[PDB]
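A selection of the complex's chains, in situ.
Lettered A, B and C in written order, each chain numbered from 1.
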Amino acid sequence: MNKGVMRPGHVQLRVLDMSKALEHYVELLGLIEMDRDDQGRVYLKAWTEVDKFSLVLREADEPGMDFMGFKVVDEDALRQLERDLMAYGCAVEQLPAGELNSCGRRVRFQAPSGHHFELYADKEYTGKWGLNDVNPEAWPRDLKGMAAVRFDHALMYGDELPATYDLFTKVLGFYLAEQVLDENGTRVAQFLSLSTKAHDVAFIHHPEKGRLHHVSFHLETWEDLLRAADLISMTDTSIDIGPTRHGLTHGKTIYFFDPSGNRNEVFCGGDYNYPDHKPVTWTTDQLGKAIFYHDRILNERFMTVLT
Amino acid sequence: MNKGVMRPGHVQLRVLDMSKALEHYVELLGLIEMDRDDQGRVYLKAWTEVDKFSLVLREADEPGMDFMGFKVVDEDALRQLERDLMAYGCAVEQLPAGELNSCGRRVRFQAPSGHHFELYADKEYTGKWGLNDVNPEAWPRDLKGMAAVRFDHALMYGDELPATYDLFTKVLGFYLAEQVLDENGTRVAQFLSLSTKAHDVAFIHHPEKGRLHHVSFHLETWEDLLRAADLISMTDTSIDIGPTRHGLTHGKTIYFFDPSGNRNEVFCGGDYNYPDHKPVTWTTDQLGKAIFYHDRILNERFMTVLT
Amino acid sequence: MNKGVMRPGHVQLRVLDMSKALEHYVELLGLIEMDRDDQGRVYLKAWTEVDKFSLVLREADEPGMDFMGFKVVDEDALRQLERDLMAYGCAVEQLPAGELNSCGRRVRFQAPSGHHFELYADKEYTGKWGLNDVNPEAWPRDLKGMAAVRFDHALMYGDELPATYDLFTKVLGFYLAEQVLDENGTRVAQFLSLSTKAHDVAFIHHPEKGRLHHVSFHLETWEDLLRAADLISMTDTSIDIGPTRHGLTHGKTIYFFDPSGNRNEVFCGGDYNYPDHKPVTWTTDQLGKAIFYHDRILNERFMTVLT
């Protein structure tokens, strides 16, 4: 929030089968569908979210992430981060309003790590789902599946971490919240925050660019996580790593896959920070614990399986 | 966070007896006693907090709050903010570094409602309590009582909300998160946020200035609230409102008093928002439910007992 | 279980309006309507329950309890008890099988305190609602409201507690797990257990016989209690006493009312016991806390309101 960037606003994932993806995202995750495209894309949101959509699905031949967008305070900030990116040397793409139904104009650049990110000031305000603006209840009564609270963050596997770190900190205004260093003091992973969250975006080093480790969704409680895991067994969804706690951020989490092999994370309550806190450090000799607090060892497929 | 204001950093409470008060804040709330000065004040903190203190107790002839200080992003910000206050015509007060042990210089000022607030750019960093900084544990091993996570906010009863609103949103950079208006569309209560919290400070209209409704400490889970309640009963503390939930901010709350009569609130899981979110509105005709979601009726003590 | 008595089998409550009562009992509490008598008597059950029905509603001029049934192990246990009640000198009424739809024969009797209890050896077995018999899931997918686990117990306000005590222990094989004694060591409340529960049925002294204080349903967790209370507000149900804890049993509870004025308590996690534990004792000077542990004081409706 240092340069006007407030939060992750939307992510567009690629799926092999739309119908399968919708069963998963609307029936299991609890995501509410909102729009459809000229191009056949499907727009979805979470209920505590005020804007039109946060998740957009696109039928494609390979799964993965097309791009992640962050919403900025206003247009003044949009032009100022747009010019700074071009001034920094980043070749920017100007996306026109409407190219994504109900979304303002976007600035799409490519991170040195190979991922495409977007910045945007506008998006259609539909308000919280199933709730009134005046004298609102605690929650809408007919939410489904897990009833994801909101699109929280996403973790990426990437190639140039130093250059990506400079881009996000210097030109975009993210601050380092968590990090994992090796014996030399080299950042193997970096958790960047935009406000008080342990992280709004994160990168872990990888030989091949553009990899997506997972897209997360926020859940409220530890008993919500148990409910979610019961739902996984119930629907026979594939689970990566059950209810546990992360060494980094100390948040409770469950990893599972969608019909396309994309990994989804659902998690609740981690640690908070503020721009003035020193980054929490984890070391490479504690990589097991840093990822999996309770087992202190690494899931083979945690590092191998990407999309 | 628009003008660079991050969070409430400390609040100085007047207590009648330091001994009974200390026993309350450390054995019941589970706060950590960090220091003591030549004026006979004791400084305390919460364990998730990174700075030296958040609560400074002061033995007086009357309970109540002296001032509440918010920490800003940096020195530059502190300069800007103090200049802006003077331009607004607000009379600032300068407190040199050291008058409050381990705290830097501060810019004190009195809001129209009779309360003193102050900004400060820095304080002694001690890091999280009982926790190493590399490969940190999920929590410290020897915590007392409720083990409050952090000093969250405070609610003020005062006279001139309207002008206070401009003061806080226009010069200080806060933003209205929620509000309750009366029949004539007149804002009778305003909940101001800095970043993602439902509120970092809040004011409710009251004929006499200066009043302090309560100081709040954040707890983590609903079950943590059930434990605090057991403790309030166990240690025979005075309870104002048992495990319930507010309509405003939808957070789960418990109200109780310290040996001096100040009301402390312990709570968890409210609602989050962002600068671009439209204010949630509650009306006076739903005022009972606005405050007490479950019962939907007002409590005698709750609107009438202040310090 | 000292003389074959297993658990509270079913309860027949009088409602003033069937439709309103049904909305409360199927829509709010989540009880499944299973049958409908040829005389406008409707049968409902909780999902974890293995038999066809636990609650039976019937329109009458006033609210209250007609009878409370307990299920015994087998027909033989039903005979010896039948013999024992009669030999004990008790007026026994025998209802033929089928008088209550899908229910076996019953032996009813009115206890000294003025209430009607009845034993029965069998009832149509249905298995858990919405679950397979082989490789069952953790829970059925389409539960409404609070989704109560099971009819748990009921609190009777009566006049002859000693006589009632002898009847329930010596003849029915119950044992008191808890009690409250007054100044002159007189048992003012008795919590009678059948096996491990803190109480399966309880009696509190009241000048008038026959009064039904409340009927309880089990909810699994403290967070479910919270969800139940959120529902109550959204439903606008009359709440008696919010999320709190008792001293007796130490269970978490919420008292509310059905549309006919009958009290309904939803609770979780009391204490357990076995026939060899000495009865936990509470005293009259500590009454406030014995009932409301957190608040330590009694509330109007708690004692005033009966049905």
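The criterion applied here is as follows: a contact is a pair of C-beta atoms (placed from the backbone, for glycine too) under 8 Å apart; a residue touches a chain by one contact, two chains touch by 3 or more.
Of the identical protein chains in this complex, 3 are displayed in place, while the full assembly in this structure file contains 4 copies of the same sequence.
One rule holds for everything that comes next: only the chains that are shown with their structure count from here on.
A separation of 48 Å divides the Cα centre of subunit A from that of subunit C.
Annotation: 44 Å between the Cα-based centres of subunit B and subunit C. The multi-chain contact residues of subunit A, meaning those touching 2 or more other chains, are 138, 221.
Residues 137-139, 141, 221, 223, 230, 233-234 of subunit C touch subunit A in their complex.
Subunit C contributes residues 222-223, 226, 229-230, 232-233, 239, 242-245, 252, 289, 293-296 to its touches with subunit B in the complex. Across the complex, subunit B meets subunit A through its residues 1, 6-7, 48, 50, 71, 73, 125, 127, 133-136, 138, 195-197, 220-222, 245, 247, 250, 269, 271-272, 274-278, 280-283, 286, 289-290, 293.
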